[PDB]
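Here's the letter readout for the chains.
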Amino acid sequence: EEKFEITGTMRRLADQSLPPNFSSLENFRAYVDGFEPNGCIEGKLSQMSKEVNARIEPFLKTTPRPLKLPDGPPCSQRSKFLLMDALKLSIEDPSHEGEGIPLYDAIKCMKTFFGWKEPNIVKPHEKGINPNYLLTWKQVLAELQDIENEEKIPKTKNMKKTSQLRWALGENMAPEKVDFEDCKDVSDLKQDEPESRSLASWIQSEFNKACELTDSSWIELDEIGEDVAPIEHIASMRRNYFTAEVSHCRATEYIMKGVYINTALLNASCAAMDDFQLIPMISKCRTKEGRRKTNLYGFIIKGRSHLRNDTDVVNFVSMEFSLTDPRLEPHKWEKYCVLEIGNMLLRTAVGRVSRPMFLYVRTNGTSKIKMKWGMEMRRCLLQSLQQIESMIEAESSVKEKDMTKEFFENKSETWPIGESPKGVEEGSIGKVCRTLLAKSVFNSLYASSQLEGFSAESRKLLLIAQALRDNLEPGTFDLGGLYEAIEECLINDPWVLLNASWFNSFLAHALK
Amino acid sequence: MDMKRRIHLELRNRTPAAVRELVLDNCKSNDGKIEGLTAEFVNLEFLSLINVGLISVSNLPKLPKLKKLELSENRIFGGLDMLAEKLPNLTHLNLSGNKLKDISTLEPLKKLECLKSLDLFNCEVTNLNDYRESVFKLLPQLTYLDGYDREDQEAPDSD
Amino acid sequence: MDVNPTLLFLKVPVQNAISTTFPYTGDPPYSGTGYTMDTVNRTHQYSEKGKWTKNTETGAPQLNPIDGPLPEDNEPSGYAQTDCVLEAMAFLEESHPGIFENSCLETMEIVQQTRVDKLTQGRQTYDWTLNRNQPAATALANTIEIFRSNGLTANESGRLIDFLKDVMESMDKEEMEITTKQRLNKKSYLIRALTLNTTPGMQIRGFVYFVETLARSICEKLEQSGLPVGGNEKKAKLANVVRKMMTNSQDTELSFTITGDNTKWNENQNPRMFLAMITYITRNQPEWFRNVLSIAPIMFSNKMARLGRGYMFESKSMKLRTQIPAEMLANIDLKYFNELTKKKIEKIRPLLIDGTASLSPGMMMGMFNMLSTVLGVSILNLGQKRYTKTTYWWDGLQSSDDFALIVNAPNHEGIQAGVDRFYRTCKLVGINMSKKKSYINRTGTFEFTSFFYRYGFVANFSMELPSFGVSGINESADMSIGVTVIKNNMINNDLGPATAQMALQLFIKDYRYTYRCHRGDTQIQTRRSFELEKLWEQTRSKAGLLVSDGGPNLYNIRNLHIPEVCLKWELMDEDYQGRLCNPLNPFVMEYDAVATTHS
Amino acid sequence: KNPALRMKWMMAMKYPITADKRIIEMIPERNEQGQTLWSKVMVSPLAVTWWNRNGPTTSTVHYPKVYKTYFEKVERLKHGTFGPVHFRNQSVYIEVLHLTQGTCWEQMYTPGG
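Chains as they are written, first to last, in the numbering used here: chain F, 10 to 521; chain X, 110 to 268; chain R, 9 to 607; chain V, 1141 to 1253.
Because the hints were derived from the structure by calculation, they are not lab data. Where is the CB? At the ideal position from N, CA and C, for every residue including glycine. One or more of the hints may lead you astray.
[Claimed, not checked] Incomplete in silico selection of chain F near chain X, CB under 7 Å:
#	residue
1	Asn217
2	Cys220
3	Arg356
4	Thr357
5	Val359
The shape of chain F in the complex, shown without the other chains:
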């Protein structure tokens, strides 16, 4: 019907693509039109060298070596906020919820702690002039006093752009953009292998405290219509059990703290761009007796933030309270500078003891993608639930009965989550619900390309082990290459190295 013709500049192009034996598209079209199979594949295979083969290497309980973790100085903290070292100054006073302006809550929180002492530096940063970290805290205290003195709370404070706050915020500008012709003849224009770091105990302890129950209810999910379908009843059973076992977990505290902090940062950066705005670090939790509460972990001083592209980075200075002395695990605190804020009297076995109260100050940076990813931490609760539900549904498909009650309504079930110096410890459902949630929250907090390249490559080495444990005679074409692919991801990430160390433990105990 139509007339789509190939003419010069497209016939000439078409005459140079076809294989290297024809000199025109018409010749090749005619050759293909007159093609009948004549056992070409068999002849080519016979001619092909026998070195081109896929030899199946048997996979036996002895083959799997433990993964080789990197070597070097111990890793260090990377999170935006302190995870298990956080100290909360709480109010326990509602204001009808929601309406309360954050800065007033920060003032009230700071008023509940008597014992402030003149700040002193305990752990120098070692890579920036330690002064101007002390002065930032002094300045924040001064402006807090100024706000208190004035009759009316401004409801949005803006720090004075002093010298110390400028240096801390990274205003040590990067070299100005210039023209390559201007700097054609200079010393060098070199455009950097990442340093390799080994495991440290702290990352394993931080995940132990992220699996523990707290005394406060951190997640208050909204209503759902009444349940009238049996499937709705089963779904409500699973969801309610998971929520009850998870609502008090510290992983949920991390979720809510991150959500609040990232929301505050994003709103402040999109609202007040030119000046440095003081953003309190606040999170609201309901206690064990139904009384609201408002916890102040610390302060965030935002920097100049004009963000058009997502990747544009805003630099802020985060100052978090804590009671964890830095001299216990110094290698963990390599990016923070530590000040001695005060003395807090806490109950010991013998009377009450005065323990120092520290502040961890770090100049961090975050873009808009790292704010939106961080306001969605509440979707970590929606992933652990699906993990638990997938296990339940798999073990219910193996059988032909709803195993929701055999999972949750059974005190005898115990999964091997943990390892003490006595054997694999087993915890009931509820430490598995909170353990998968901790894993999801830490995947969100410590997200990196290394983790995404280790989870994918370490899943293949896991299904082969499962096949061996199911007596399916696993075989691998190249197992040395798979180990290399796994190990190229273990470089310096504290989270990924831990997941590797977990893998070694599983292989040793699973195959033995």
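Following the hints, put chains X, R and V in place on chain F, whose structure we already have.
Showing chains X, R and V alone in chain F's frame:
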């Protein structure tokens, strides 16, 4: 200040039986071991060794009634079983800041039936999941761990 | 205790708790010109045998691997054999009589009825006028406008084929004028029309759509292909294939399975070989239909790669930073770079012309996903015990670069020989099985495109969780879009009802915070906290109130498809129904417009 | 662009909603507490509640008929009888698929009517 000299200094010439409380905070341990403390302190109801640099408690003498002990901020790593035999009537023990790392090191305290309050702040043992539950189920006689009870309610101040 | 969630697999199998090995629920917050150079260098390294030419139009060197020396080692090879590809396609047609004739018949009905507007239904596309990426609609509009600036106007007919004719004519113009007034030579326009950016230009996208449409029909007709299908339907394929192999009676044969990954899949597929099979599929067809399809492989074989932006330099001694574009990399001193980038520059310099690398031999990612699946399916077809002439035989599934193979042989040596005759035949057509991402195990447990099969139970985890939240249109849309997404992923992505319920809660907790629809019972104080309260007081059936007006949330799993208004209608107050819609409103898959439809 | 964040920021401020000029007479400028329901025209969302709270009423039942399929779905769900669940090994039905069929369970459900 050495223990041998400082015990005499604290005594103020008072006889060992006449002292109810002896405080030896921030001392210089003799080779990391107690020295100068003997059984003559029969009535000693309060002994403190904060920031003493102690690394072993195997030199501790036998005291019949010592309800309060304060070993926090030392370098003790093990050998706690001695406390069970040398101090059969120990009630309040503080071990914050020591180098205890395994729950097994706390097993000997199970012998002490008078123990009711234990504190382990800044100890690496507190970095395990279910640390409170493990310690309580190991020492069922305890009621105030790290200053809090089993129900995470702060202890009254009368103790 | 020291919690260790990977030990969970000591009790539950790994195919049951596999969700724990997928880290993220969405796109992670991370991610240049250094990677493109490596891509082209590897593409030309895997095919450095026997022939280099010089294109007479663009004057760019081209490497022709096809019909090259046969591989003699296990490294990836792109020396596809034209004889073997044609033989494989011929056997594919033989085993499925009329597969290619029917596919062509059903594509001639789509090349004459495809509006040019279909080119706007896509993602970012390279724009040949501005020389930078622009959305599909903007790039198409710019191309049409510049074509109209010249004597090219057939695209006004409203048919994509006419736009293809216009671009074919434009390729002939001695000089092309663009105003926003610069005119480009013939060579320059070809280089700018046969260029792939860091994505192909608007000229190519017209033909590639038609080629993909033809491949889609073949893939649908192929039982072994599992690319076009998705979700639950794909779960019916995996088991199905395992049902074909294992099922047997009084059988001494043993069956093994291969979870497979194809290494450097895109860098070894060659457009010259794709032309060899588009020429076989389109046989005894109208010469106009064969011409339109071949143009996409013809351009792809001469494509050129744009080397992103470039490298950024900085010197601390004088504290100055600069950014040299990639166009000048052709003639730049190597003193400034480091050893690895220096080697990359040395290896890439001969190829590049006009600031773009001539990437002839390979194919960039994502362009021929479906057609590339026909080749793999053709190879999988060659194992039937009728084209094998031996005791062993194989069958399986393939989608793009991920395949699953099953081999049934009397002995272990029979299996090992069946695997070899598939790996080698794959090497003949340029398909390279990845030996560092594959494993073998007895049938009954394997993986395919993140669908994990274990003893007849298939777990689907290919797709990540969506974003359950306010879309951002208006009150009556978000509440009909979030609760529609939840339902859709419940039916498509198979997310368990417990997660659907908790997804409906994390959404309503967002719809109730952005719009300040915090309900009348709660004591939440805001700007809107006043009116809502009294709307609560003067109503009897409080269930009738919409969530937008502080009413109760009545959605559960059972009624996630019904719109909110029609759900609550039967229990709304007539005094409130009248006010709710009242067509004379000052304000006005979402529908059922009401007063809560602002803009 | 991130439409969700834009909606949040826009609902934060006053008078985000666009409106016709009819609102001048239809809705007052204030309420009992004296909060600006609109401004010269830009309209605050608080006006939408006012119209639904105390505004021009109506007694029309034409909606049950303009949207016939949706009310039919509501009726079939309200008059539909459920059945026992069955966990097993791996046009109304098309729409209630999210109930009737699952990954490893089947919900025996009849829509009725």
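Hints and how they fare:
Given the 7 Å rule on beta carbons, the hint for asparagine 217 (chain F) holds: about 4 Å separates it from the nearest Cβ of chain X. A hinted interface residue such as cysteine 220 (chain F) counts as satisfied when its beta carbon comes closer than 7 Å to some beta carbon of chain X; here the least separation is about 5 Å, so the hint holds. For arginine 356 (chain F), the shortest C-beta to C-beta distance to chain X is roughly 3 Å, which falls under 7 Å, so the interface hint holds. Taking 7 Å as the C-beta cut-off, the interface hint given for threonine 357 (chain F) holds, the closest approach to chain X being about 5 Å.
For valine 359 (chain F), the interface hint holds, since its Cβ comes within 7 Å of a Cβ in chain X; the closest pair sits about 5 Å apart.
Checked against the numbered hints above, the structure breaks none of them.
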